[PDB]
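The chain below stands alone and is given as structure tokens, in the form deposited without the partner chain.
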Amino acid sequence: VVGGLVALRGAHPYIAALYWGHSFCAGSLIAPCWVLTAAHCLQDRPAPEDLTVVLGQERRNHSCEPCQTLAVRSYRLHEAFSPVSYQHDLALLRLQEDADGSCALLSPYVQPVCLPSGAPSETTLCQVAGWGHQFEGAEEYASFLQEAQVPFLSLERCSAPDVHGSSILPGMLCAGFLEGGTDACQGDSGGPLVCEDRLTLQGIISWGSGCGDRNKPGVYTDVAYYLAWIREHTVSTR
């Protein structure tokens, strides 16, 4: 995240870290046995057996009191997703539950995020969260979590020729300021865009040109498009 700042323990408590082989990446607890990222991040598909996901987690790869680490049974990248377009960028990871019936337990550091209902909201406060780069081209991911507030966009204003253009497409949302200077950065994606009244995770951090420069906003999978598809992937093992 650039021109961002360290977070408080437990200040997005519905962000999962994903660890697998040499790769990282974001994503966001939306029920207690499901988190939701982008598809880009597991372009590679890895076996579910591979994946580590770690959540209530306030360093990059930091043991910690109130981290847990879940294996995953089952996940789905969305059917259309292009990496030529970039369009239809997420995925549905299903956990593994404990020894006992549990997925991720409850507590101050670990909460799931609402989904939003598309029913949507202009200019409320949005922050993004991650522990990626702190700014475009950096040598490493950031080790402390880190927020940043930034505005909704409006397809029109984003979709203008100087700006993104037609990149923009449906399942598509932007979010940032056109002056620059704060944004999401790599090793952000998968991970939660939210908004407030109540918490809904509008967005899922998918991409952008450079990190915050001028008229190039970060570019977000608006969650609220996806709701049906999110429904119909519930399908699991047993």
The other form holds:
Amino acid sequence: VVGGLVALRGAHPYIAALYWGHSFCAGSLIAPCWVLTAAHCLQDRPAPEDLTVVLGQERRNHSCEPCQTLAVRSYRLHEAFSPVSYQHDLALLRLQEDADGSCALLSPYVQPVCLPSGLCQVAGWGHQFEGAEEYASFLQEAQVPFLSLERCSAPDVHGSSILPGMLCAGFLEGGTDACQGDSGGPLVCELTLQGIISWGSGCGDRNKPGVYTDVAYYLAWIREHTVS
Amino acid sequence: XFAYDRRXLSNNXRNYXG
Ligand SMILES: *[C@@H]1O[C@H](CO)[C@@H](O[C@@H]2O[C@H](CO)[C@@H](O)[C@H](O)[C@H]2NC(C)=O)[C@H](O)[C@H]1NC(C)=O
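Alt. form solved in complex with the partner chain, vs. the form deposited without the partner chain above:
Following is the full complex, with the preceding chain placed first.
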């Protein structure tokens, strides 16, 4: 994220890190055995066996005492995801349970985020400006406003690219936004998950708010594919 | 403009700005 400050260690218990092969993504714990991420993260369909999920992390790829690591037993991409429009950009990760039948072991550092009931914080370990060389090390969060679809859609902003299922957030003046390395990241409002970090055009540029998957738009899909 | 997908392997999101 761009324009933000280091997040408190306990501020984002729900956020999850996803590692496999040479790739990385973020997500949100929405139930003890379920992470919600972006479909474009798993576009290339890696094998569940190769995925590692880490909960309770503060420093990207850094082992820590509250950290909890989990295998991924399966995942479901939304059937209508388009790798062209990036519409319907969400996916569910079913975590692998241990012998007690538990996945995440909840604690002050590991807890699910509420799905929306139906001003915001964005969080992630990605680039602190566009073109940045490395990932943040400490988790960043920044506060960003919601943007009405009629104003995000306007032709000076994002235009025809804003489709059903997307939502926007940030200052039209620019400055605070997510970036590369923040995909699947949580947009948290009033605390509930209302967006998934999906795409934009250049981190925080003027007149270019970030584009997120609108989680409330997909409640029914999430309920349906989140039993079990 | 140009639009990319917030992933550090990042792809172009296609018919944006062109
Ligand atoms: C840091 O990232 C690496 C990826 O290089 C993580 O690795 C995985 O570890 C599990 C076992 O715990 C293996 O089964 C996976 O196949 C590994 N994946 C890869 C891509 O190497 C490691 O878990 C991360 N450590 C953290 C976040 O503390």
